[PDB]
Structure formats: C-alpha cells, structure tokens
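Protein chains: 2
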Amino acid sequence: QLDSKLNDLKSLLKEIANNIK
Amino acid sequence: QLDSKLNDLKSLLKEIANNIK
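Chains Z and P, in that order, are what the protein sequence lines are.
Numbering of the first sequence is given in the UniProt record's numbering, commencing with residue 1084 and proceeding in unit increments.
Numbering of the second sequence is given in the UniProt record's numbering, commencing with residue 1084 and proceeding in unit increments.
Chain Z on its own, in the form it takes in the complex:
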C-alpha cells in the first residue's frame, strides 16, 4: 500500500508537465 501511494504521488504530478505547455 505504501509503495502504491508513492507511485500515486509520482503519477499525479506527471500530467502537469503537459498542462504547463
């Protein structure tokens, strides 16, 4: 569960890059 939570934290902020551009 903790590993999945860290994965979720990493993934949720991946979109923002394309939102920036």
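Calculated directly from the structure, the hints in this document are not laboratory data.
Watch out, some of these pointers could steer you wrong.
To be verified - Distance condition first, Cα-Cα at most 30 Å in a straight line; then the derived DSSO-like pairs of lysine-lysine:
#1 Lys-1104(P) - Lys-1097(Z)
#2 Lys-1104(P) - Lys-1093(Z)
#3 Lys-1088(Z) - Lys-1088(P)
#4 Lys-1088(Z) - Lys-1104(Z)
#5 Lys-1104(Z) - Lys-1104(P)
#6 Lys-1104(P) - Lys-1093(P)
#7 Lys-1093(Z) - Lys-1093(P)
#8 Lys-1088(P) - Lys-1093(Z)
#9 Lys-1097(P) - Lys-1088(Z)
#10 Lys-1104(P) - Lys-1088(P)
#11 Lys-1097(P) - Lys-1104(Z)
#12 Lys-1097(Z) - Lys-1088(P)
#13 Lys-1104(Z) - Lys-1093(Z)
Unchecked claim - Label-pair restraints from in silico Cβ distances:
#14 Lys-1093(P) - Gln-1084(Z): 28 to 36 Å
#15 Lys-1104(Z) - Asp-1086(P): 27 to 35 Å
#16 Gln-1084(P) - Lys-1104(Z): 13 to 21 Å
#17 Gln-1084(Z) - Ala-1100(P): 27 to 35 Å
#18 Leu-1085(P) - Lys-1104(Z): 17 to 25 Å
#19 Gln-1084(Z) - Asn-1101(P): 30 to 38 Å
#20 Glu-1098(P) - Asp-1091(Z): 29 to 37 Å
#21 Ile-1103(P) - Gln-1084(Z): 15 to 23 Å
#22 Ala-1100(Z) - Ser-1087(P): 16 to 24 Å
#23 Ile-1103(Z) - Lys-1093(P): 16 to 24 Å
#24 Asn-1102(P) - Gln-1084(Z): 19 to 27 Å
No residue lacks a Cβ here, since even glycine has one placed at the ideal position from N, Cα and C.
Go by the hints and put chain P onto chain Z.
For chain P alone, coordinates are given in the frame of chain Z:
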C-alpha cells in the same frame, strides 16, 4: 520490481525539465 517501477516513474519525468527550457 516495485522499487524499479518507482525508479522508472521518477526517471521518465526527469527529461521534461530540459524539454521545458
């Protein structure tokens, strides 16, 4: 495998910075 997956998530988004600039 889970640690490597988290590492891959961290690494895949490292390039974008230079793509931003």
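* Taking the numbered hints from earlier one at a time, note which ones the structure violates and give those numbers from smallest to largest. => Checked against the structure, the hints that fail are numbers 14, 16, 18, 20, 21 and 24, while the rest are satisfied.
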